[PDB]
Amino acid sequence: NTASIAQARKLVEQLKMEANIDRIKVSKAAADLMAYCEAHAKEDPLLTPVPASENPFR
Amino acid sequence: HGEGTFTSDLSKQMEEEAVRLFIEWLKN
Amino acid sequence: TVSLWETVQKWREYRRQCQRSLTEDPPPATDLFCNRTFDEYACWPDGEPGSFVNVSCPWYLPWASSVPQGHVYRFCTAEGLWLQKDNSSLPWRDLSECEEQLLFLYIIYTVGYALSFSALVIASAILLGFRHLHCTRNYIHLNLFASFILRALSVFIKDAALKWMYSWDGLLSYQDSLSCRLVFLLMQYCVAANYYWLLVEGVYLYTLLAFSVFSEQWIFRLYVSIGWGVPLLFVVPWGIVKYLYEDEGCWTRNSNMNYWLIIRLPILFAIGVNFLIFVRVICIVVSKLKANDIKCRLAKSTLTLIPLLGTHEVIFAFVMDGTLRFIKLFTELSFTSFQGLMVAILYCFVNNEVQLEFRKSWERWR
Amino acid sequence: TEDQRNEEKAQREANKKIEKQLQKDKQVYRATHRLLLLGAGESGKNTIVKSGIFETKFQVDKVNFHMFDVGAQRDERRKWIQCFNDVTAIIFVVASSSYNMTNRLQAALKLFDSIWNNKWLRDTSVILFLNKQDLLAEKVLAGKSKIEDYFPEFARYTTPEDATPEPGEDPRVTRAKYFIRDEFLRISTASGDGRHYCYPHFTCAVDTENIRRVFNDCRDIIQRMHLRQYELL
Amino acid sequence: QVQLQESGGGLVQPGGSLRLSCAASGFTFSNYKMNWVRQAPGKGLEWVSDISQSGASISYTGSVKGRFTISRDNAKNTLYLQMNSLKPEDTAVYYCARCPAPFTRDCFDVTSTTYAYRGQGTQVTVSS
Amino acid sequence: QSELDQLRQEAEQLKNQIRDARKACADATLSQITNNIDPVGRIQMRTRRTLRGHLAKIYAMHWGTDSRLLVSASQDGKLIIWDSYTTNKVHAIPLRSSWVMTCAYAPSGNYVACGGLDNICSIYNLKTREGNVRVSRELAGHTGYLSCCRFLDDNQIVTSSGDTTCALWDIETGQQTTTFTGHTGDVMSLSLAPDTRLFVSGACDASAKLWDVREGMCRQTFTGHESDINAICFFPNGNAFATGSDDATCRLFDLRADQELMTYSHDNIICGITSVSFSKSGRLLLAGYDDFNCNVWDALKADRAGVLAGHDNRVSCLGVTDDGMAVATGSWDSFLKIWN
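Protein chains in written order, with this note's numbering: chain L, 1 to 58; chain F, 1 to 28; chain S, 1 to 366; chain D, 1 to 233; chain B, 1 to 128; chain W, 1 to 340.
All the given hints hold, so there is nothing to weed out.
Restricting the straight-line Cα-Cα distance to at most 35 Å, the calculated cross-link-like pairs of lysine-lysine (DSBU-like) are: (1) S:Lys-288 <-> D:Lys-119; (2) D:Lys-45 <-> D:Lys-119; (3) D:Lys-79 <-> W:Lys-15; (4) L:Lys-42 <-> W:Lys-301.
Derived by calculation from the structure, the hints in this document are not laboratory data.
Bound conformation, chain L alone:
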């Protein structure tokens, strides 16, 4: 043909090997970030203001 047949054959197989995957509900991927971001909230220098004494840029 005109070489566009071979490019049109790789696209269909790329999607065919992708639709067969396993996913999870959003509520499992939303309460995951809500629990990781308050389990170590104490180690955020920007979020929790730091006393000047230990601050190295002073």
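Use these hints to put chains F, S, D, B and W onto chain L, whose structure you have.
What follows is chains F, S, D, B and W alone, placed relative to chain L:
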């Protein structure tokens, strides 16, 4: 250079008056 | 040209000539003449017994020039004193023989220097604090602003120090002390290192268009050494000659015009060279507008250039070789006063850079 | 702090030896003008003066230039063109070639238009030549290449208000060189914002001397820059 | 994601007319310019027309002025063309190419290489 | 023909199937769970340094490994290795290709790399023994400018170019070992997962794919933007990434649910985005705009919490130190400012 001229005018004018001021008191 | 130094000298010289006469010639014992009492006006030697005596006028007073034969005509009595005046012993007292605009020039001369001083404090603090305007073109304009605010302060001293020189004493003697002679070297310098910071504007702005720039480190230290240092070679040599050879009266009088051609002739060269640079630049600003009414544009440029290159003095009589002399200062000494506001407005507040800088910097602070 | 005194005294020479070289190399960078070179098609790559950037250097009366010939790249310019918003000028070359192999003019009017109205290229000034005039003069009097077929307003176009530069200038060529010029300037005089210019030219009819014609008009671009910061202009 | 798909082409004898269309889905259609592009058979792509964001700045090509017409509808997300009299030369495929960025005045979409944001086109044929 | 017609129709059936699964998993948005988390309030932070010495615009920077040193490369053809605490230049490497579009700093503190419009990529031997920093290797083989570099360890780079492909070299011999294809547009950025076994990439045509270092593959393919993509990074947990296009919106995708979770839109913004990065604890999201600002987005219920406005030109790069006390932001006026 007006500053070299205006200085002289206020100098000479108020200076020659004091000559009269020196002598007008002299009678008094 | 009777002056202060000989004013008290002609006082002591004239009198001392006849207190010798008082010692040599006491009042006569015949009493036909009058007593020899130094009335502080003339020692008054013995005159005429009952008639008029002809004694020449006091020579120290120059008003004997207009009447070289003038004599102090006074009668005397043969009682040891003069005639009586107002029931008291007074001499024969008949001695008669031997401008509004200038006051107004002072009110403008001292209301422009006062406001051309507050402007260059606001304009010299905004031009530093913002830290986004430290381009070399703004280094030249910090020294120009500092050369005016020193010029105004160099004049405010003169007039006030002149009032104190005229405030009874035999001679206030502040024109014996060096406290007078140094202030009028500080003054002469301060206005001589102000026409060499308008030639630096004419040379920097003209080497940016016609010639190509040659370096930086060399340029900014061949300008501070040509605006602050060339006067030292035309004021100091003039200061020495008015103390080493020829020294009197606080030097506010310059009889030998050769001497006032060593601190003036040089100023003329700075005025000249900065006239050609103003024609050459405006011969270009019209070539770009041609190939782009626009006559109004051309006018709006010329008028801005005259206050920074300061070419207005040459448009007026440059040296003008008298009512014409009074005319020269009515406008010229008023155009020089308000020059602080003219420069400050046109290069600190109507500038586009800064007017954005207050816009930005206010959006980030309340 | 017995030893950190030595180290802080030891690094303060490594900060002065660097800063002394970095200042000797601030004058050289300020004495050279950079010039891009956009060429549409196959007309003009080294004609005026004779992978990656392909620099070339020359000098006229003791002033030096650099010229970038951007070759061996893909033809999608909306990402690497906003890197060149710092050069002095953007030289530009067009030519009235054959459409047999599409449209050699209407594909250049839409490229010059895109450089003009870009949000970042608002302060650079083009210098565009109109190449291949010894080809057009042998085609217009031969009829092979026409502009009425592609451009309608040409047949009802007037006569210019200027004069021929050379003997041997028929109405046919003069209507051709001076119609395209008025088609580029219809764009150059419609941009309200920005501060930049446009300097047309003619070429290829005479021996190229364009090492002068770029020098004479790369001075004009900087003079009008210093005037507008003193606000004198 | 963006989806541009054109429909309306066909076959017509010389002197006839033909009406095209276009469709947008996946963005706010009232933020960008739009264009049309044609490709002669065995030739590179050429420019045909365009229209501004609100519908007040139209342009055309020097070979087509007076015969075509471009117009759009914001509230329904569609864009049309209108051909009136067709020569034998008006035979090519026509695409519906959006402009790269929103709130602009300038576009860079003619390139023969792969360029996203461009439909698949319809075929038009003209002959006796 | 018939097959190209069916292939263009065969794909549509697959694509229409994929959406159904994605819309069968969404049962609540992230903005409905976090309507009870206590809002952060408001935070202020002001410049603490300012590094001067460049002559032209700045396209790159990379914080060191111990959060002490950093690198910055400009268009005047000069690399510089600053020191953050006391403002001392420790090196100044001159280049030969004046157009530099990226740089990177090795994790072992030993190497520096950079490349631009000149297609080659150069790698510099820094902690030498002789005492002169020169070119170690010269990696050629691309066709088009090169717009990002990263290290995996010493002697392994993964790079992105401008001819729609990525590559994975090895410094010891100079020749590739893998090549990733599947992007139909120019590739602008990439970032590495915090275990160094994946890396997501963003390209024009508005797509962001998820590759695999062990063998070239395309596990996932996320979409939903409206224009080309400029900058991207991972959530510190390695289980999400955020990206920013040229339509004034950031988004927070997901690597498990395989869809989009939430978007960052404000009505008064009409300018693009040039850089994105996360905080150390994943509660903030520093974005850099072309309105000369740098907003600060709360990252569990979108609404601003501050601004970082100190620049006059656009922001061309930003980063956050590994431990996290500073945010260096470069700009097109040659000044870096160490916020805090």
